[PDB]
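This document starts with one chain, in the form whose entry title says "inward-facing", laid out as structure tokens.
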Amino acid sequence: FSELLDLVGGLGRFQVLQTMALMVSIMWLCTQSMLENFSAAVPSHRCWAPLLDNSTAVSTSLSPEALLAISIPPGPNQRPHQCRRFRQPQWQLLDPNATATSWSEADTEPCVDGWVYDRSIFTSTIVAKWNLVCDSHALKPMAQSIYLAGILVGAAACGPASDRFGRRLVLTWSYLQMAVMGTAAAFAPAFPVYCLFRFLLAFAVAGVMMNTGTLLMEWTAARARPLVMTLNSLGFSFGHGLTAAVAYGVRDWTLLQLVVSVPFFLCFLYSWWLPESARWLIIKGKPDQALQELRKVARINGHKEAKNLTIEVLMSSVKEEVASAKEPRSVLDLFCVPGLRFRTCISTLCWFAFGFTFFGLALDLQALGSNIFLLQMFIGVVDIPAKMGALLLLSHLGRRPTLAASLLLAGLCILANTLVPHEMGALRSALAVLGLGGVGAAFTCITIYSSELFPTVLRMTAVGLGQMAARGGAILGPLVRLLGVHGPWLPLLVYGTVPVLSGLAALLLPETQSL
């Protein structure tokens, strides 16, 4: 194919404008995923109680702390209980000479009159809107899991649709569906409906992710291909900073979700000016249309020499791409061939570990430190040098030790985050950020390494199995957070163990750098 790109301009003005226009969309797409650090933040809460919250009642000489001690019992964290209140005011508990033995569990009841939430950091969140607290606490990670399951299902459906209807067309309607479903999620009347619209938004997020990369590849000359994939990966890095920036100003979840959805109407509009992939058009037997796309790009780049092109030139020079129909393959082939079974297991486990760990940790920054805006910013700022350093080390040291050391760095940081005492918020934040940076670097490594462990006809199938394994592990990510009932050490121990085990396994792969 490359001769046509070289005749049309393989890295010209068009490819520059296209890379910029697609990176910007990836930034906003990243905000959509990271949003529920803020859209679903848990403000501190207690039961509603007459002496505290009945604004029409007669006043008293008591201070707020006195009334609070009189009305809500203490919880383990030296703070008011989040799910109980006293059945009758405990006037006897006001004196400092009182004892915890002065009252019994029968003197307490759950929040019959509902909850009261701290509005000082966020004006509203879904947790406050639908009372996803106490007995209902599981519903937040369930919502996150449903979104990530949407990404898995959407990626499964994207393949057939992208091959049958075209790269740009599926990208276009994915942008529109993201806009519409995000806007609808911002105004959902009930929690089940919010879950449904987040699922249908994720279904489109998968399409944007897949077709952005594909449509960059099929218009980029091979000399520039690694760089363009790297820029695609930096899109998410800047997306984290953008999430912090937008969420710092917009403290209301409805307006926040709306603000991050509205851009995709603009993405939808300008996706009509992109050209459809010329490889796909010729492979599907439409060289007369592919000729128009090629001359369109040439017009943008300025290559008047495109006057040389004809459908005969295209059909003569792209037959080698058309010939790919000869050799089908399937996922089971990876496991049948005796030499490829072991590589497949270890590679898939590494993809899984990326997805599981990242979407386990990066969606509860409120547990990792005291300021989630700075945490959300720093997991971008540190992620940039992590990705770039991965590309350096993966060239100097080979694939195997870079992948292994990246995953081991991640796992040992996340595990150390169980031992550092909760008083030391700064050090805990630092270890969390570095642990996430290691996982990003591991993503870079395993993306490249999985493209080399396999023979050329099974390369695509192996990378596909890997990507679906990562998407599948992300589903289990949030659900492991429910183990926090036994103390926050346990979710962190699990999220820390998985990358250590997969990193150790990665040492058993064969090295693939040219030696």
Second form
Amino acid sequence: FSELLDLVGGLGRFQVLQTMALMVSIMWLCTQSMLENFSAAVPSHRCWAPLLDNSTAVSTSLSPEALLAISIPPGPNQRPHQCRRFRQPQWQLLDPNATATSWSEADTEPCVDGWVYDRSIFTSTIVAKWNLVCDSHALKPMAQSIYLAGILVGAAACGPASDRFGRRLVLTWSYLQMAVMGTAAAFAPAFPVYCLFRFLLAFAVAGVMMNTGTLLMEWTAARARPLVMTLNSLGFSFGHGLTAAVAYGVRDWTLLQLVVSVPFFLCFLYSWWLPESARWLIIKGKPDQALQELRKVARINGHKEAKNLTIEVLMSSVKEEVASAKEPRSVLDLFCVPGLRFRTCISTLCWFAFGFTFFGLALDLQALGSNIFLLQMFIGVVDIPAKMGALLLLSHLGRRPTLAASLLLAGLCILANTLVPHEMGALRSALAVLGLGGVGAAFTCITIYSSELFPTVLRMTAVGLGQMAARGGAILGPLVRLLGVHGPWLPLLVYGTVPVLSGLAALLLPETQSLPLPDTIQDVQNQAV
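Okay, that was the form whose entry title says "inward-facing". Show me the form whose entry title says "outward-facing" next.
Left out here are the partners and the other molecules; the chain alone remains.
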């Protein structure tokens, strides 16, 4: 196929514009994913109580601190209780000589009259709206789980659909669905409906995530392919800074969700100017349209010599590739073909390790300071140089050793954190930073490597199974944190051993530097032969 890119232009005006345009969309998609930290923030809260919240109440010489103490009991947070109030105002407790033994817990009652929330940081959040607190607190992480499950199912659906119906088509309608469902989620009347809309938004997030990178890779020259995929991966790094910047300005969750959703109507509108993947079209047996896509890209690059391409030349270039594609395929053929099965197992294991570890490390970084927006920005600032380094290594060393080294570094940082006491807080901070660097670089290596390992006929099915595994790991992540009751080291041991073990397993995967992309399963067998 590459001769056609050499005629059309494998790097130039078109690829420059395309990479820029798709990277920006990935930035906004990253905001959509990370929005939970600001849309669903838990502000400090207490029960509503007469002496504090009845604005008609009579004045006294008491201070607000004393008035609060008279009404809300002290709680386990070494601060006023968040879920109880006194059944009768405790005038006996105004005396500073009084003791906690003076009142029974039967003298308290739950927040029957509702909650009061702190507005000093956020004007409103879904937590403050639907009272996802106290006995209902489990609903706040349920939303994150439902979003991640939405991405899991969306990958499962969009992979085969992308291989069957095209790259750009599914990308376009994924953009539309993201816009519509994010806008709908911003105006949800009730929590179940909010969960439904977030789920349907994630279902499309999966399609954008998958199609953008593959569509970039299938239109780019060999030497530029790692750089282009690295820029697409840096879209997320800038998306973290963008999330911090936007969430700093907009403090209402409805307005914030709407603001991060509206851009996707523009993404939908400008996606129609993109070409469909000509490589895929040829391999599907549709050269008559692939010619139009190719001369479209030639026209963008400025090549007036596009007349050199006709169906004659295209077919004479690609007939022996196309002759193999007579039979239909399925995800089942990733597991009942000799060569593809092992690549599948090890690739899926690496994707699972990435997803399983990343969302734990991203929150481990939250101990590094007291400002939530700054600590969101740092997730990107830590990631930018890590992915530049990943590009340098992946250029000079190849895919296999770079992936192995990155995942091993992540897992070894996690495991090293078990041996360092909090007295050495500087060291624990350094190791957390290195862990985030390792997983961020491993994401780049995974994205590039698992696209080269699989043929064009089934590339997106494979990438979709990888995404499924990643989101399954992300969902399992929080559950592993429950093990800490047996010992605080155990969750860290488990978080660390998976990336170490998968990084070691990556060493068994075949190298792909300086090879053509495979286009048919026969190519995967031929490579082994």
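Throughout, rigid core stands for the largest set of C-alpha atoms superposing within 1.5 Å between the two forms. Numbering follows the first chain given and starts at 1.
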query: Position with Cα shift of 2 Å or more, rigid core superposed between these two forms, options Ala244, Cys195, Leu412, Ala202; finding: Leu412
query: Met424 C-alpha shift between these two forms of 2 Å or more, rigid core reference; finding: yes
query: Did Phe359 shift 2 Å or more between these two forms, C-alpha, core superposed; finding: yes
query: Flag for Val259, CA shift 2 Å or larger between these two forms after aligning core; finding: no
query: Inter-form CA displacement between these two forms at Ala222 - rigid core frame, Å; finding: 1.2
